[PDB]
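Only one chain comes next, encoded as structure tokens, the form deposited in one PDB entry.
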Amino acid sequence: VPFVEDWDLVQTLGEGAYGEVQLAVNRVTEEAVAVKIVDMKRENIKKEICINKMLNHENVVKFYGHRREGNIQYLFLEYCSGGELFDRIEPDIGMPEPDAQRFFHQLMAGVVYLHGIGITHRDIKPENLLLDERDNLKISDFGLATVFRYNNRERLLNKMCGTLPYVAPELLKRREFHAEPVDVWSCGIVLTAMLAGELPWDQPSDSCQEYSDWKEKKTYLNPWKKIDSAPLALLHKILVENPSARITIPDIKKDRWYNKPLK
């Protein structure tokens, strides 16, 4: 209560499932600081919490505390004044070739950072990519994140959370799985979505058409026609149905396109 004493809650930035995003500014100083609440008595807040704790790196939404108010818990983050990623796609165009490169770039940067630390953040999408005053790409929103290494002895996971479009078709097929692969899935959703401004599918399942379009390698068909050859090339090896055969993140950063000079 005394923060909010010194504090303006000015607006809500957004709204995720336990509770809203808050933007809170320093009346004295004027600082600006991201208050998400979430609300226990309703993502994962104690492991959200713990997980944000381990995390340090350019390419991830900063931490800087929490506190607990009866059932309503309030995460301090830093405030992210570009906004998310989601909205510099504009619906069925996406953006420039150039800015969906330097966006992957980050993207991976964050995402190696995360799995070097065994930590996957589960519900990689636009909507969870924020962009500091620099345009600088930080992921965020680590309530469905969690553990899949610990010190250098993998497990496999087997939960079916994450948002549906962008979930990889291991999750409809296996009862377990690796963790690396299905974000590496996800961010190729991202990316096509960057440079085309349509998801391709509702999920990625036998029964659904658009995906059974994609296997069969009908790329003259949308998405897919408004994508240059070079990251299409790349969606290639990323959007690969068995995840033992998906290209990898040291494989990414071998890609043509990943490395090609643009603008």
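Positions refer to the first chain, counted from 1. Heads up, when I say rigid core I mean the largest set of C-alphas that superpose within 1.5 Å between the two forms. Compared with the form deposited in another entry:
Candidate set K225, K217, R27, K53; criterion, C-alpha shift of 2 Å or more between these two forms after rigid-core fit; matching residue, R27.
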Contents of the next structure:
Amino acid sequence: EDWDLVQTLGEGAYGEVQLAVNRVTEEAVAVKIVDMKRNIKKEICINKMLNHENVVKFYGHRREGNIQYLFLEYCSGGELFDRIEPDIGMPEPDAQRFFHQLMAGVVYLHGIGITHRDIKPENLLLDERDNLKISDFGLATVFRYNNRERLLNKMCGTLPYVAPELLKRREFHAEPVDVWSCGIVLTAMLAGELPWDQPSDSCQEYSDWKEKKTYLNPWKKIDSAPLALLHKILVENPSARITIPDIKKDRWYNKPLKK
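Given the form deposited in one PDB entry, state the structure of the form deposited in another entry.
Just the single chain follows, nothing else.
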């Protein structure tokens, strides 16, 4: 019934997220704190559509004044971001497990017609068993409803992760952006650096990639199998881009790596 607020979790633009601990049951939860006067509805009513074990569980919302209280899953292992050591990344079996559950979640969401629009290691939280959870549907929206897709036109996300067509086109399909950002997480995961600042013609590193100069700083660190899969994801024409069911068929993905 009453929730002690133990320590901060992430001081976001919205306000802050805090660890919260139940005085009787000792169960720990996280309370994102939206002071509307210093959008938050859609994020709430999206949260009521969600129920999966690779997505932050949503509990309820105390409506005190304008200080909206978002009662969400505690992820005690924090951010996939803090398990990528710079310029090296992590062990290739650890990458695969995390990319498996990224795919479990994106499939699950895409299944119900919602797109996250901001997949990046900062938005993948890990529980006590390092089990990955997709977090913060603040920029997430409906793109399929009554089994009719709606095209996106609003630009958003985080540049280095964002898909090329979110910058050259006026309308674009929600799922291939999501296919593109998860591959930038694959690449972070395996190299420990991001390939380019933004997927642009004006950007040297993305020009190289499209020219297939794969003897250059992040790709050289990536094994031929996962790099074969990244050549399929980070395709510039989102119509030829590998779709999630094809990702599920790929050689690397189905390779036995971890006990």
